[PDB]
Amino acid sequence: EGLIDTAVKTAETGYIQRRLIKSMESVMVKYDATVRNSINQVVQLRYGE
Amino acid sequence: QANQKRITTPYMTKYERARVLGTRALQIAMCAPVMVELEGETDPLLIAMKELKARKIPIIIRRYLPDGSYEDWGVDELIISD
Amino acid sequence: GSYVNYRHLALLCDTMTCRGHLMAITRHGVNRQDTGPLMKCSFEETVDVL
DNA sequence: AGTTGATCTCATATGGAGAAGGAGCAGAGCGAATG
RNA sequence: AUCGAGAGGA
DNA sequence: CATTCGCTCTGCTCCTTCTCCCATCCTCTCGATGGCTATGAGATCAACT
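Chains as they are written, first to last, in PDB author numbering: chain A, 845 to 893; chain B, 46 to 127; chain C, 1390 to 1439.
When the alpha-carbon atoms are kept at most 27 Å apart in a straight line, the in silico DSSO-like pairs for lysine-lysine are as follows:
#1 B/50 x A/874
#2 B/59 x A/874
#3 C/1429 x A/874
#4 A/853 x A/866
These aren't lab readings, by the way, just hints derived from the structure by calculation.
Required output: the full structure, derived from the provided sequences and hints.
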């Protein structure tokens, strides 16, 4: 059962990792210290808070 | 944007330090004049780091703001954190 | 008992909620944003997006 | 201004999850016709 | 050389 | 003139349909794909004079 879980869990977790990156890859701290996406919409007014 | 009220942080970012050092090293390798005395150091990147600590690098950083304005800061105006 | 710094969770939850509705981390969310078509095509639905 | 010859070219013979469309159908309410 | 298949490594 | 009746128009389920996606990188071997003969007419223009 441990060998099966080690072989089967990996596709689901790696797909989750991909989808997260593709959802957030352009989100950046700007020089005004706001956090914005590529369409320049405000996600956070200060990083973290 | 008026230059009398620059609002970006007075500290140099890690990314600014990285690119300033790279650009200046490439300039020194292309025989740009060196703004510091050399203790016989010959590596363009070591020379660039000497000029950085001396505040002598002749480069302006143009910080673009999200609204499309910018601030120009000299490398000698910024606080170097490393 | 694992720990992740709050700002990472906060930024994911804000990404999922900044549009005023629950945006899924799936083509049905991510590829329905105003992001440009080249960004969308790098994820999923590559040819239909274009 | 007139004459030659390669060469091409036709043609011959024998799992699952979400999203979208349609049909069913209930029933609201509008307007004509009473009764 | 390509396409496909199979067997392996972390 | 107060129904009443009939007819049009939503909009709420429950299918059928269909389209999408399924960790990263690396090594090796093996099978398969793998395409007439020839003689004629006849148009082109490269190229001799």
